[PDB]
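Asks: With these hints in hand, go ahead and build the complete structure from the sequences.
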Amino acid sequence: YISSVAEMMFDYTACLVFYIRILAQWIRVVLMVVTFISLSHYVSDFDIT
Amino acid sequence: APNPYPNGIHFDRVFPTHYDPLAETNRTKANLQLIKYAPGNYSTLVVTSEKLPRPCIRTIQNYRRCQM
Numbered sequence: 299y300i301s302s303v304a305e306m307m308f309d310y311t312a313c314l315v316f317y318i319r320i321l322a323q324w325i326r327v328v329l330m331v332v333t334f335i336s337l338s339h340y341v342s343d344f345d346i347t
Numbered sequence: 070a071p072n073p074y075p076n077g078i079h080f081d082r083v084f085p086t087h088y089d090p091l092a093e094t095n096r097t098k099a100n101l102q103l104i105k106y107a108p109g110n111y112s113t114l115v116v117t118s119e120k121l122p123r124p125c126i127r128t129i130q131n132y133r134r135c136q137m
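Sequences listed follow chains a and J, in order. If you read the first sequence in PDB author numbering, its first letter stands for residue 299, the second for the next number, and so on. If you read the second sequence in PDB author numbering, its first letter stands for residue 70, the second for the next number, and so on.
It should be emphasised that the hints constitute simulated quantities derived from the structure, not laboratory data. Errors might be hidden in some of the hints.
[Unchecked claim] In silico DMTMM-like cross-links for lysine to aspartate or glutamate, where the CA-CA straight-line distance does not exceed 20 Å:
hint: 1; chain 1: J; residue 1: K105; chain 2: a; residue 2: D345
hint: 2; chain 1: J; residue 1: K105; chain 2: J; residue 2: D89
hint: 3; chain 1: J; residue 1: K105; chain 2: J; residue 2: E93
hint: 4; chain 1: J; residue 1: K105; chain 2: J; residue 2: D81
hint: 5; chain 1: J; residue 1: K105; chain 2: a; residue 2: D343
hint: 6; chain 1: J; residue 1: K98; chain 2: a; residue 2: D345
hint: 7; chain 1: J; residue 1: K98; chain 2: a; residue 2: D309
hint: 8; chain 1: J; residue 1: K98; chain 2: J; residue 2: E119
Replies: Here you go:
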C-alpha cells in the first residue's frame, strides 16, 4: 500500500514475529526443566524403609 | 488394622513436609528420608500410677492399724 501508516503496522508485526521466532523457543527450555524436576521429585520421594 | 487416629505430630528428615493427617484418607507409609510419625499408632491417653514398694506398704499398713 501507498500508506506509510498502513505499512508501519505490518512492519511492526514483521519485526515482532522476527523476535518471537527466537523468544518463543525458551518454552522448550521450560519444558525440559519441568520434566527434569518431576523426575527428581519422584526419585527423591521414592519409597525406602 | 484400622487407620490410626489422626495425629499431626511428625518428624521431618530432609525437608518440611507439612504433614496434614486430615488431607488423606489412609495414612501414607513413612519413608526413611521423608517423615517419622508419632509413636503409638494405636494408643490412647490414660492415667497410671507406680506401685509403692512392698516394705513401704507394710509400714503404712502398720501405722494405720496402730493408729485406729
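Asks: Hint by hint, note whether the structure agrees.
Replies: Outcome of the hint check:
{"no.": "1", "hint": "J:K105 to a:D345", "in the structure": "holds, 13 Å"}
{"no.": "2", "hint": "J:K105 to J:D89", "in the structure": "holds, 13 Å"}
{"no.": "3", "hint": "J:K105 to J:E93", "in the structure": "holds, 17 Å"}
{"no.": "4", "hint": "J:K105 to J:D81", "in the structure": "holds, 7 Å"}
{"no.": "5", "hint": "J:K105 to a:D343", "in the structure": "holds, 14 Å"}
{"no.": "6", "hint": "J:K98 to a:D345", "in the structure": "holds, 9 Å"}
{"no.": "7", "hint": "J:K98 to a:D309", "in the structure": "violated, 61 Å"}
{"no.": "8", "hint": "J:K98 to J:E119", "in the structure": "violated, 35 Å"}
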